[PDB]
Amino acid sequence: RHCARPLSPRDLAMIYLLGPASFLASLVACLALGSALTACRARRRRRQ
Amino acid sequence: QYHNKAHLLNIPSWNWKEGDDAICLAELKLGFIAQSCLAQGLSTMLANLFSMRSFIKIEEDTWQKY
Amino acid sequence: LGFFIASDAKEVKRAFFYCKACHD
Amino acid sequence: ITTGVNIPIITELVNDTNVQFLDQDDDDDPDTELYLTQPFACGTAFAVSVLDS
Amino acid sequence: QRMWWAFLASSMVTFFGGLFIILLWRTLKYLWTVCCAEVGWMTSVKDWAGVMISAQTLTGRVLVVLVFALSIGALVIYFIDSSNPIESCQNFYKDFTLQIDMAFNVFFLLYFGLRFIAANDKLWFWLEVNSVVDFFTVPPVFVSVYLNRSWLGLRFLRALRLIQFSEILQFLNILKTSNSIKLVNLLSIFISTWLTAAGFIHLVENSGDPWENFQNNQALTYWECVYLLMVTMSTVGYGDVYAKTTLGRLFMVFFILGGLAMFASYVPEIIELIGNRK
Amino acid sequence: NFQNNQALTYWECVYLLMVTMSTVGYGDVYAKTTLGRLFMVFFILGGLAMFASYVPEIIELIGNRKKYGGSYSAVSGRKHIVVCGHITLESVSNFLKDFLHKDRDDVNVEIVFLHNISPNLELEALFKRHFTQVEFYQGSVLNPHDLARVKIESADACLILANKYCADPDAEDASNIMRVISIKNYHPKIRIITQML
Ligand SMILES: CC(C)CCC[C@@H](C)[C@H]1CC[C@H]2[C@@H]3CC=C4C[C@@H](O)CC[C@]4(C)[C@H]3CC[C@]12C
Ligand SMILES: CC(C)CCC[C@@H](C)[C@H]1CC[C@H]2[C@@H]3CC=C4C[C@@H](O)CC[C@]4(C)[C@H]3CC[C@]12C
Ligand SMILES: CC(C)CCC[C@@H](C)[C@H]1CC[C@H]2[C@@H]3CC=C4C[C@@H](O)CC[C@]4(C)[C@H]3CC[C@]12C
Ligand SMILES: CC(C)CCC[C@@H](C)[C@H]1CC[C@H]2[C@@H]3CC=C4C[C@@H](O)CC[C@]4(C)[C@H]3CC[C@]12C
Ligand SMILES: CC(C)CCC[C@@H](C)[C@H]1CC[C@H]2[C@@H]3CC=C4C[C@@H](O)CC[C@]4(C)[C@H]3CC[C@]12C
Ligand SMILES: [Ca+2]
Ligand SMILES: [Mg+2]
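Protein chains in written order, with the numbering used here: chain X, 1 to 48; chain G, 1 to 66; chain P, 1 to 24; chain Y, 1 to 53; chain H, 1 to 278; chain D, 1 to 197.
Next up, chain X with everything else stripped away, as it sits in the complex:
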């Protein structure tokens, strides 16, 4: 039980928001990857 320690306000905020923050980050990353891939495909299609 060495990890036992008082719960700081930053600990509370991270505990209540890490799930939503991680899911929002995943959505943003997937959106960026999709936009980049679609732009690359459009560029390779139009230039020929």
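What the hints contain is simulated information worked out from the structure, not anything from laboratory work.
All the pointers check out, no bait thrown in.
Partner residues aside, some chain Y positions facing chain D, computed with beta carbon under 7 Å:
#1 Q20
#2 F21
#3 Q24
#4 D28
Okay, derived cross-link-like pairs now, DSSO-like style, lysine-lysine, Cα gap no bigger than 30 Å in a straight line:
#5 D:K189 x D:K151
#6 H:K46 x D:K128
#7 G:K65 x D:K189
Cβ coordinates follow ideal geometry from the N, Cα and C atoms, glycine included.
Assemble chains G, P, Y, H and D with the ligands onto chain X, guided by the hints.
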């Protein structure tokens, strides 16, 4: 059917005066069709008279309201 | 015995209750 | 040129729901009763079901 | 000294905040409506995500195979970690299993993002079994890695990922016959339900009743719980092992109906599907 | 003298009769008094029969519902067609093979099937293979609501397929005739491509 309706008239207990009413669907439907032939739109006028209908109002001015 | 066309039977009931003196 | 939609026609239908196919200039609805339908209200459709009354 | 509400509530508020935001967007559309040929970038990205998750390209097939393999690996990791105490301390810098679990969970989070993008309806996607499994699986380990303490929690829900396996085999054009599809569906559903219920029983029996200061705990291994639900779900009954806590008995009451019907209607069908051949 | 009493809570008894009525049996909790055992003897017959004949029926009643009862959502910049009629695995597979071939241009035309019969496992797998190009919906062509669900008013065309191997060609021709009649009744300006035997 009318030919099957005529069989009922041969029953001794079948009396028209008492109220033995053999509503012939084919006969009445053909009569309504002929009355529509005489005057179009009379079949629905007759049919709506025998049907019990409530008093319904529609906000918008459409044909269904009248 | 008369046949009427009306929305409800209470409406046709007024025909039997019509009085000439009361509606002169 | 006289089109055929002005010709007075009455059609005997056994299935009331088929009354939606008789006319093309109305808003068809399966839940709408037969008497409420436009083709019946115009005297162009007749069914024995209305005789059940 | 007990820190289970943290891991519970991270995922719990994740799922609730997601539903809340969805209903809030819907209510905003509703109030806004009441008071007041080139496809789009959103449409193109949605088509891209749908093509990828359906294994219609080489990258999609690789992603689907990785999803299958990593679901199996996460289930195996849960099996290995079930032997550990309910609440313990973790390091993240000396145990390889935790790092592998984090890699798997990051991959699952990315896959969930792709699935959400490809989803036609977001509200009904949010209530999918796979979405709920991801919600109650990934934020727990994410919080655990910083808190330096590990709780067994709801890792048994990882077994539910097996339900997707059949669909995966249909994306790779491996399952085409109706009999094979039916057999894979039945086997996946049966095994997933069995393992998930066994894990739930293991968790509730080892943790104990929360309102009794966790004094009702029973030293049951995961294999013992698997055997117990094998005995129960077949209506055999032995009494050598049984659920003693209130939560365990409530879950047994529900699982009796559910799993008994599933066993009775599945095992003969699976046996007849496997047995028949030329 | 009430010396046979057993300290059983109501929840414990509810769990006990759950265990008994399902024929599972545990022996962790059981009736020990004579009256309790007599009632258990009667309830075995009664409740066991009731459970066996009720639980599958309740589960099947709750579980069943429409699976493809949604409505197609049109997307701006992309056209869609509606396919109805003789919808089988072979006909759908042939249509998809000859419609989505790479020999054509990069045409983004969605296909929406409307069929009153739920697809089997093979048809479902075929639809899954064409995940982003094909959608399915359950409904009858003669029903205006089903025609409104697939957004036929915005459909580019409507395709009707016929069973060329029917025992009676006249019956199939007539059924296709009324499918045409229904689709024209809903939307008269829609394009119809249909097979006539
Ligand atoms: C403490 C735990 C067990 C509580 C669980 C509550 C769950 C089962 C309830 C609470 C709020 C509910 C949601 C509230 C509103 C709607 C919108 C409706 O159109 C579909 C169902 C849906 C999406 C409900 C699904 C079930 C739901 C998520
Ligand atoms: C996809 C479906 C099956 C997911 C449903 C969510 C279930 C599995 C979740 C939601 C709420 C959860 C419970 C919430 C609270 C606690 C108290 C804790 O001390 C032990 C675990 C226990 C008892 C959880 C067990 C798992 C649980 C029942
Ligand atoms: C507990 C044991 C059995 C687990 C072993 C791994 C799993 C994936 C097993 C159980 C069910 C099996 C599947 C049953 C049926 C088929 C259909 C066949 O056309 C391809 C193989 C495939 C898809 C099998 C793949 C391997 C599979 C063997
Ligand atoms: C034909 C089908 C039904 C065969 C199903 C295979 C069953 C018997 C297998 C598949 C998965 C297996 C489990 C996988 C992992 C664990 C965890 C371990 O710590 C003890 C064994 C245990 C609990 C296994 C028990 C047996 C098991 C449930
Ligand atoms: C799908 C259908 C069969 C679900 C049936 C719900 C069952 C599991 C519910 C409904 C009523 C419930 C009971 C209602 C009241 C009591 C008394 C209380 O002191 C302990 C719990 C107990 C004994 C509950 C146990 C669970 C119970 C029996
Ligand atoms: Ca019409
Ligand atoms: Mg689509």
